[PDB]
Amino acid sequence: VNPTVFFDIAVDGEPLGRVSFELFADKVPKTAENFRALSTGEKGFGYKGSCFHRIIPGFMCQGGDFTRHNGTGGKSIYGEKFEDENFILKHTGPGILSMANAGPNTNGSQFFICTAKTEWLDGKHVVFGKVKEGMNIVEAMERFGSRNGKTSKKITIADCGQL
């Protein structure tokens, strides 16, 4: 019953592979629904064609800024921003999907996929999903990051949607 969404990832336009996520709609329904709808594009905007702008190996891959492509944009399906729904789930290790923010109650569209345990984020970022298939593809993406987060090649969501 929890939804599954996919991203098809490309590297300088060349297909890399597919990542699928389970969204924890049973625990964070509002947050899960935002990501789901942005991944299908059903509200007329969303993730398709957007990039992963910041990738720090051994930490995380951050994306979802589909309006400015650099970490300073994005919007939710509820408006520019929405509240921190709850902090029931924790950042327990690689594969966790979590909301980026700029302060309390400032969730938009930006998210990150953790490639390490990031326990210091517990209670500050809302965890709402986890990689189900294709963690190997996230690992391959990570190799195009750097210490300061700039990517060596352009990493994009070529297609996405719901499975």
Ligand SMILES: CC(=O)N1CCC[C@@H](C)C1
Second form
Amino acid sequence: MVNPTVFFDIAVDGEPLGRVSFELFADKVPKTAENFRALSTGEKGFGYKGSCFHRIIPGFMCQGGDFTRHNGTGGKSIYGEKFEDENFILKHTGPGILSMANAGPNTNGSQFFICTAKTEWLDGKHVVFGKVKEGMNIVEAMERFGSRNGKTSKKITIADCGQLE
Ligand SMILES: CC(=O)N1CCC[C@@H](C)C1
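Right, the form solved without this ligand is done; let's see the coordinates for the form deposited with this ligand bound.
Expanding to the full complex; the earlier chain stays at the top.
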């Protein structure tokens, strides 16, 4: 087929950091890939633009996607509020993996995370659906504004986002 590609233009307290692009595995997880793709373009009237990465843990991951409450408690999918775990075919093999954040089985909304390391303990618990294609240096830069518990030292936001391919 043709896995779509989306981008995020990251900012720190408004100051431009850089662009990160992701390939979405629509071929393996079509429903999960579509949710992220649609939220990246904002076609449903809501999405990632303007939202922040509320939890960043060095050597672990960068979490974001809460465009409703903006603190890790909200966010919503394009299929209503929450949707089921599609499948656990793909694993958290290393840095760059794009996966779904959740509050337990079948509670996928809009929140997601970018791994900065292999996180195999999350395999079978979080739906992996994409991977960073370009701008891993920017993800590594974001990681420097995080902390051990996850609280960020500065506001890391998605200044702009959309579809590339
Ligand atoms: C609860 C949840 O979805 N997440 C995202 C992945 C890393 C976890 C510590 C938190």
